[PDB]
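Shown next as C-alpha cells: one chain only, the form solved without its partner chain.
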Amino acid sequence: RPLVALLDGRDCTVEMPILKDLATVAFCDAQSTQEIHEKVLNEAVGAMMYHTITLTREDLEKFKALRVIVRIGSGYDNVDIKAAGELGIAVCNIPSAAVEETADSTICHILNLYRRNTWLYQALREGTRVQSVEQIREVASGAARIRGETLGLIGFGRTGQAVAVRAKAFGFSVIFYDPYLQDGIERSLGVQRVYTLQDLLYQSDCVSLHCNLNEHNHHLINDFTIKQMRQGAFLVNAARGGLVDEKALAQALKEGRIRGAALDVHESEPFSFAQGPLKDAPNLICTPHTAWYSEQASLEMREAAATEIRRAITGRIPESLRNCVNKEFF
C-alpha cells in the first residue's frame, strides 16, 4: 500500500475514503520538513500539502520514494517545482476552488477601503460619538465615490477575471496587466489591457494583486514601483505576501502616498499587528489568509486533491494527472 502523507495538516477526513482502498493515508502536521518523520521521507510516494510548509530542492531531495505532490490550493510558490520535476516528482494544484470566494473577499476589501465600513465600526467600538452631519463627514472622512475610479488588476487569471466581473457593476473602469496571458481575453471580457506594470500603476486609483508568486515577481511592489502609483491610491493584495515589500508599503501609508491598503496575505505568516514592518502603519486592513475560505470550497478542494492522487496511483505520472504544473519533469 503506497503511503500518502498530508504534510502540513492533521485533518484527513475528506481524503480518507477517496484513497482508503488504494493507499495508506497519514498526516505529519509539520510546519517544516524537519518535523517530517523518517518513515515518511523514505517511503512516501505521494504528498498533499497546504501553503504553510516549503519544499526546496534540499528538502525534496530528502524524499526517497516521493513521486507526486498535490497542493491543496492554487498557489505552488512554496514548492521548487523545477527541482521537483528534475527529481522525477510531479507537482499538481487545485485551480478552481475559492475562485469566487477569493473574488468576493477581495471586492469586500476594496469596498472596505472606499466606504470605510470596517474603520467606522472600529471607531464606534472605540466609543466615538457621531451626532452632527459635520461629525459624520469627519469620522467618515475619506469615504469615496467609486464610479469613475480605475481598478487595475495585476494578473488576469481566474481570480482577476472574477473580480473584474464584479467590479463593473460598481462603476469601476477595469484595466489589467498580465504579461503571460494570450491575446484576446481583454476583448472577450470587455476590459482594457495595458502592457507594462508602470502603465497600470500610473492609471489606477486602486491596484489589486491577482498574480501567482514566481521567480520574477518577488517584491513586484517595492519602493520604486510604489512611486509609480497615483498619489493616494489604494493597494489590495489577496494573492501572495511575497509580492509586496512591506517596509516600502509601511512608509507609503505613513507618508499618505497610499491612502490605504487591504492585505489578506503577508511576507511572514501568521500575521501579527504587534510584529513586523507594518507594526505601526496607519490605514491598514489585514486578514489572516482567509480570502479563500468557505465550507463548500474547503471540502471541494480537498476532494479534488485526493482525486488527483488517486489518478497518480492508478495511472502514468504525469500523463494521467489533471492539474500538473511542472512538465519540466524527469
Contents of the next structure:
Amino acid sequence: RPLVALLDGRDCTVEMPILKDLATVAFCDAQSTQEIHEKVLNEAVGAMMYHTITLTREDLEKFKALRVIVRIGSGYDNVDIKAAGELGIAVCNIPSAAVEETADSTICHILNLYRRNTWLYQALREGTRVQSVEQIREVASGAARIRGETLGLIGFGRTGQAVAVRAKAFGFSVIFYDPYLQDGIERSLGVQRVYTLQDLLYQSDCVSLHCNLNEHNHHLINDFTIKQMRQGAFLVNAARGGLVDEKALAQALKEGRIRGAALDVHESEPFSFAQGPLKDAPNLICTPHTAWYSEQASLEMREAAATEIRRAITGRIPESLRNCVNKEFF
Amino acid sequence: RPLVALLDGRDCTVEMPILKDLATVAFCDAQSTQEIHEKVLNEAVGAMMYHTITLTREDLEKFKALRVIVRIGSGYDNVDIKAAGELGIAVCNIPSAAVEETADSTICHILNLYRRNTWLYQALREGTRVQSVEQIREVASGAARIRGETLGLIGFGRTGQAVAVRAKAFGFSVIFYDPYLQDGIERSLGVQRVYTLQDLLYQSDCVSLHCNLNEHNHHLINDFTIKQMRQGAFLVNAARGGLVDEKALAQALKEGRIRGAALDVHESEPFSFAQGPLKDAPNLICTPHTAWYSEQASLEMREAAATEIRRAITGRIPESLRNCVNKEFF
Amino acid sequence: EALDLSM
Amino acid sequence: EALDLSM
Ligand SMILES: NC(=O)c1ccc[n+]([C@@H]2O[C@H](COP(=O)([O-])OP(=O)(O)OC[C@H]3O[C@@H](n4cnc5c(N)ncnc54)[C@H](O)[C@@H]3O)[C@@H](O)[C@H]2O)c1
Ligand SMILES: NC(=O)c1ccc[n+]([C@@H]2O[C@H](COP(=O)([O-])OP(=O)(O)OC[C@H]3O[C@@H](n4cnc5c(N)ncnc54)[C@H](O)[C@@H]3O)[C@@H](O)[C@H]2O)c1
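We have the form solved without its partner chain; now please give the form deposited with its partner chain bound.
Below, the chain from earlier opens the complete complex, with every other chain and molecule after it.
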C-alpha cells in the first residue's frame, strides 16, 4: 500500500480512517526538511503538510516517488509550486474550509482595536481598580466610534469578501485594493475599489491584509509604505507574516504613527512577546496563528485533505484533483 | 445663578462651557450619598450623576431645592424614579448616545467567546510557545464555528436591536424575548420572537442580556434558570450586574454547564478578579463597565446631559425636557 | 475649574 | 496509530 506521509505533524486520527484501506499513513513530525526519514524521501507517493515547514526546489529534488502534496490549509507560499510542477509533483490546497473562521477572527481583531476589550481584560488581570467614571474613561482611553470609519482591505478574495460582508453592519465604509481581480466584484458586493496601494493606505482608518504571500508582495507594508498610512491608523494582519516588515511596524507603533496593531501571523513563527522586532511595542495584540481554527473547520479540512490524497492515489493526476494549484507548471 | 451639582464625579470640562452662563456648576465626587455637601442638599436645583451611586426615596427627601436629575447614561435603575416624581423631581436619561458602542462591545464579547482571541492573547502574555499545529489546536481548543448557532437576546430595545443587525452577517439565527414590546418588531427586522424566558434559554447557544434592570428582573439568570440553558451555552452580560446571580454562574462555569461567560457589568462594582463570587471561575472574560465608552460617545452624552439641564433651568419642567423618564409619577 | 464640594 | 518516521 503506497506510503503517504504527514511531514510536519504527529496526529493522523482524522486522515487514517479515510486512507487506511489504500495507503500506509505515516508521520515525520519534522520542523525542518533535514528531519525527514529517508524512507519518506525514497518511497512516499503522497505528502500532507501544514504551514510550519518550507519546501524549496532543492528539497523537492530529494523525493524519488512523490506525486502529490496536499497543503492542509489555504496558503501555499511555503512550497515552490513551480519547482514541484516541473518535477512531476502536483500541489493542492484546502481553499475554503476556514473562510468564515478567518473572517470572524479578523472582525474580532478590528473590534478588539476599536473597543479595547482585550487590553481592558489584561488591565483587570493586572489588578487595575476602575471605581469611578474618570477611571473608566482613563483605562478605556482610545476606544473609538466605528460608524463612518474606512476599512481598507488589501486582497479581496475569499477571506477579504467575508470580512466586507461582516463589516458593513458596523457602519464601516469598505474599500479594497486587489490588482489581480477583473472588473465587477466591487459592483456586485457594493463596496468601493481603489487601484493602487497608496490610495488604499491614504484613505483607510483601519487596514486589513487578506492577500496571499507571493513573489511580488514580500514586505508590502514596509518603512516607506507605512509612512503613507493615515496618522493613527490601525493595522490588522491575519494573512501572512512576510507581508509586514516588523521593524517598520515596531517603530510606527512606538512613535504613535499607528494607533494599534493586531497580528495573527508573524515573519518568524512561533511568535514570542520576549524576542524579535516587536519586543517592546505598545498597542499590540497578537494571537499564535489561530484565525483558521475551530473544532468544525479543522475536521472539515483534515477530511478534505485526506479525500484529496484518496483521489490522487485512485484517480488521475492532476484531473482527479479538486484543488490543484500548480496545473500551469505540472 | 442656580447651583447644579455633579454628584459622583470630578470632571466638569464638557458641561461647564454649556452651563457656565446660567448655573454655578459644582462637583461632590461622592461614592455614597452621605458624602454630599449639605450645600448641595440645601441649594442645588439640578443634579448630574453616573451609575456609581444610588438614590433611594430616603436620599431624595434630603434635597430641599432639587428639581431635575439627569443620568449621564441610559440606565436609571440606580434612582427611585417614583419617589423622585412624588417629590417634585424630574429624572432624565441620555438613551441613545452609546447604542452602537454597546452593540459593538457586545459583538466583540461574543466573538471573544467563539474565537478565543482574548484568552489566546493572555496565553501568549504568559509565555506559551505554540510552535506546532497540535499546539495550535491545543491552545485554541474550544473555538467554535458560528454559522448556524442561535443567539438569544433578552431585551430587544435599542442595544438589543443593534446587536441583531450586526449578528446576522456572521450566520447567527437571532431570537429574542421581550415581554413588554407590542407585536411587530420581529416581522420588521426579520428575527424570531419567543414568548417565555424558558423558550429563549432552551433554544439558545449564546445568550446575551439587553434589558433594563427593573423591579421584576433581579437575578433573572439564577440557579433555577441557568439549569434551563443549553449544556455548553455561552452567556454575555453587557446590561446590568443585578440581572445575573454570580454564585449560580460561578458554579455553572466550574462544572462546565456554561462553556464561557463575558461580563461588562457585575453585581458589585468595581469588579476584581481577586474577590467575590467569581473569584476562581474558569472561562470568564470581564471588562470594567466600558461597553458604552468611546471618545465620541462620551462627548455626545456629556453635551446631551448639559443641554438637558439647560432646558430644565430655562424652560418648563417637565415639558421642556427631551428624555424625562418619570412623567407618569411627576 | 468647577466648584469643589467634596468630602 | 500512524507509522512513526520521526527523527
Ligand atoms: N491567519 C490564518 O490562520 C489564515 C487562514 C486562512 C488564510 N490565510 C491567508 O490568507 C490569504 C488569503 O486567503 P484567501 O482564501 O482569501 O485567498 P484568495 O486567493 O481567495 O484571496 C487572495 C487574494 O489576494 C489577492 N492579492 C494577491 N496579491 C495581492 C497584492 N499584492 N495586493 C492585493 N491583493 C493581492 C489575490 O488577487 C486574491 O484575490 C491566504 O493565502 C493565506 O495565506 C490565513
Ligand atoms: N454596559 C454598559 O456600559 C451599558 C451601556 C448602555 C446600556 N446598558 C444597559 O442596557 C440596558 C438596555 O438598554 P437599551 O438602551 O437597549 O434600553 P431600552 O429601554 O431601549 O431596551 C430595554 C428593553 O428591555 C426590555 N425588557 C425589560 N424587562 C425585560 C425582561 N424582564 N425580559 C426581557 N426584556 C426585558 C424592555 O421592554 C426594553 O425593550 C439599559 O437599561 C442599561 O442598563 C449598559
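Residue numbers count along the first chain shown, from 1. Residues that one form lacks are left out of the comparison. Rigid core: the largest C-alpha set superposing within 1.5 Å between the two forms.
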Rigid-core superposition between these two forms, with residue runs of at least 3 whose C-alphas all shift by 2 Å or more: 328-330
